[PDB]
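Novice: Spelled out, the chains give:
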Amino acid sequence: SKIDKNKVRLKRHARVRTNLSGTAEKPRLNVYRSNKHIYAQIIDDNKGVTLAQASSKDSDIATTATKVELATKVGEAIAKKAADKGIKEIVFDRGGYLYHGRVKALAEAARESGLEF
Amino acid sequence: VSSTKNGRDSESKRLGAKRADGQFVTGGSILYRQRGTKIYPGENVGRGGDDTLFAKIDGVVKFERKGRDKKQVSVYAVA
Amino acid sequence: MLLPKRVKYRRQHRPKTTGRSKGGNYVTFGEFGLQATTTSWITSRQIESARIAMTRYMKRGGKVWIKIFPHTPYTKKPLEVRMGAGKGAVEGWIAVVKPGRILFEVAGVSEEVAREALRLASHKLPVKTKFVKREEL
Amino acid sequence: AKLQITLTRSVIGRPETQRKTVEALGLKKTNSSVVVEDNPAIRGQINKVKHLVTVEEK
Amino acid sequence: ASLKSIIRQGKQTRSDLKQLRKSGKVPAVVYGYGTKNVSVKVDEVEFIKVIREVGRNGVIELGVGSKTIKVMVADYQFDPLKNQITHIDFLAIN
RNA sequence: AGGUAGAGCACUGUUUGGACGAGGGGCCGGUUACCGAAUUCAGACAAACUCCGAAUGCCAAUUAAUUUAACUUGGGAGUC
RNA sequence: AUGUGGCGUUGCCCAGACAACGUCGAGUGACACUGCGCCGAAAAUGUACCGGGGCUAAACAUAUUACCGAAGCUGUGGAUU
RNA sequence: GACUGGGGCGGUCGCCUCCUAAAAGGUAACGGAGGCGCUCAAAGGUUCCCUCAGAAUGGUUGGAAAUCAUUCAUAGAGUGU
RNA sequence: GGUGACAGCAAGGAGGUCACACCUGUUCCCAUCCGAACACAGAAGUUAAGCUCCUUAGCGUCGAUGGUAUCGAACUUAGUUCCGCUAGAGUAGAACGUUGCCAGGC
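Residue numbers (the entry's author numbering), protein chains in the order written: chain M, 3 to 119; chain a, 15 to 93; chain Y, 1 to 137; chain X, 2 to 59; chain T, 2 to 95.
What the hints contain is simulated information worked out from the structure, not anything from laboratory work. This list has only true hints and no planted wrong ones.
Below 20 angstroms or equal to it, Euclidean Cα-Cα: the simulated PhoX-like pairs (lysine-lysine) are:
no., chain 1, residue 1, chain 2, residue 2
1, X, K51, X, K30
2, M, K106, M, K69
3, a, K80, M, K13
4, T, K83, Y, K22
5, T, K42, T, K68
6, Y, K16, Y, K76
7, Y, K22, Y, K128
8, a, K19, Y, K76
9, Y, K130, Y, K98
10, Y, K128, T, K83
11, T, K71, T, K5
12, M, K59, M, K82
13, Y, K133, Y, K63
14, M, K28, M, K83
15, T, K68, T, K5
16, M, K28, M, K87
17, T, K23, T, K42
18, a, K19, Y, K8
19, Y, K98, T, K83
20, T, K83, T, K26
21, M, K38, M, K9
22, Y, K87, a, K19
23, Y, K98, Y, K16
24, M, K38, M, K59
25, T, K83, Y, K133
26, M, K106, M, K75
27, a, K19, Y, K77
28, Y, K130, T, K83
29, T, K5, T, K42
Per label pair, the in silico range of CB-to-CB distance:
no., chain 1, residue 1, chain 2, residue 2, range
30, Y, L79, a, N20, 20 to 26 angstroms
31, a, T18, Y, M1, 28 to 34 angstroms
32, a, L29, M, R17, 26 to 32 angstroms
33, M, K9, a, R82, 17 to 23 angstroms
34, Y, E31, a, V15, 53 to 59 angstroms
35, T, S16, Y, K63, 42 to 48 angstroms
36, a, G50, M, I63, 49 to 55 angstroms
37, a, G36, X, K21, 22 to 28 angstroms
38, a, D83, X, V35, 48 to 54 angstroms
39, T, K71, Y, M1, 55 to 61 angstroms
40, M, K9, a, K80, 22 to 28 angstroms
From the three backbone atoms N, C-alpha and C, an ideal C-beta is built for every residue, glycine too.
Sequences are here, hints too, so could you generate the full structure?
Specialist: See the structure below:
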């Protein structure tokens, strides 16, 4: 009876997503990788409406050389749409994962970019 | 003549609801006295170390339902 | 001589006798029975005597299903002593029967033979009886 | 649409709730009257103490 | 199998019901397919004559008011003391 | 807001009849019924069992009707 | 307990069912939920519970009406607030 | 010393939890049941992770079972008092 | 696919490198008797499983209509009447999710 990881992910998210949310002055962004690609989708949960989005499967950034530079660029590219609106205090929801490796690189790129987390 | 073994008890605490649904309360008002969490905190509601529920703003109280059986109390701002 | 092996508390309140049989009042394990029409406290001793009467009558041809058990204990107090020194000590076990409850139930005998065997035990027992059959219709 | 309530029994021996309902109807002593508009608020107070009063549609 | 059955007129109280349930009648109901709610009273010695040979599960062709419906015995109440039926329940299966 | 009456056994304890084979056991290691616990289809009970729950009573809010009280601060008591 | 009261079905049916060792003719005998009874129930000054007299209704019931009945309410005059 | 179904003898006297207590709170008796007069520099804080007694399954001595893996296994685990 | 508002458990049926999983790994950051877990590096082959499409109501979830009592009032001292509010069982019946805001692709 071998188990799968994303059910545990969803449990972790539901379980430590209890005290964290956005308020349209303090938005939150989360993160999600499965095995080859990276997603990210910011939301203000009072309204549950999507604002910005940044993906490693997107056309304009389609490269294979490293799995770290894609996290770096997807970060520094959501920062573009951020410094157009809503570039003050935001929260970085870590989905259901540790803080190690790709998630760290994404947070670093999103951080030294013009944001407040 | 005889010997009665029983005869003990403690002082009753005055637990339960303290404010009424629909009633305007003040900031830092005690809405429910309880051992435990028979009713959970909600929006602009806190809990103290005695498991005491209390308000955090000046509004109106509503008792509501949390999940499938769990219950909660909230305070909503505009009077 | 029927009584619980062990009971949680020992000095329990005195049950009710107003209302009607909450349940258990249809003969569904034999073929002929007998059921009460007033309320009373049928005790260990008189259940004992009433089954004595019926096993002593059928000479172990049939059988009796005792649909009553003395679950509750009652107490008494030393012989006519003064009031107010705690509750007294246990004295017997009882079972409250309301109008309707099937008290005794026999099977595997002549309908006649039951018709008098259940008549005999009615006298030993402090509740007025009535003889019934397996239900149809 | 108009009622005429008269107190045909005494309040002695009754509970306080019934005596308070009798006071709100405006009836003071035994056999005294009042003329009021028919209204569910009036009719609930009639129903509470109906064993005490007589009503007639004027 | 043509059980003659009357309809219970609107809003029987508990007193009105319990006093009709002394002359000998018995309350009832039908429900199910192609049918709606109705409150009815059925005769008793007739009913027992019917269900002493037809079997507990079986057909009935009782006439309810203006048309006839084929129903089967489903439910009952039957207080034990002073044996007399309290409620009999029919389902218009169609 | 809340667990009383009633009811209900799903949990804790009581329950009577009716149940199933591995096994200590019958023996000359075994059979097998038989002793005990277990699970099992089968059904009554509770102030200190409940999840399924009233009528009333409680708090309150009101452009929802009749009514005449209510509260605060002082003088004077009696009552236990 | 065969005291009696209906609604009841019913086994044997006036081909002659219960008796008398064939006479005999009108129902037979059973089995129950309910109504009034039944015995059930046996202390000390003096009848002794309608309170008394007495009553077969002047008992108990139901359905209408009449009347009597308080310092309650209404009339009439007065007082104090 | 007091309480006390007269007094004496006997028992008790402060605090905590539950029934009685009649679905808000409160509520008595010499009514029915148990606890306390502490313990822990972690059994406190905060960031992570992580999740069953029992049964069934088999398993080198197997006090049967502790130690070993698999099917469960509703939390029945467990939480210092 | 992601997040986000008020129906399950399983059981036969099928369908595909667009999804995401199944896998290749010890090679690296991670990382524990064990790369069984967790990491990261593959992307060869792939719906066999998870995912995923009715689905069976069999298990489960809701839930009628009838109406089986307890405030009030008399009668009475043994529970009977007139009221008003109606349960828990239990029948029928539904029911194998309504579906909020974006990517991609329509």
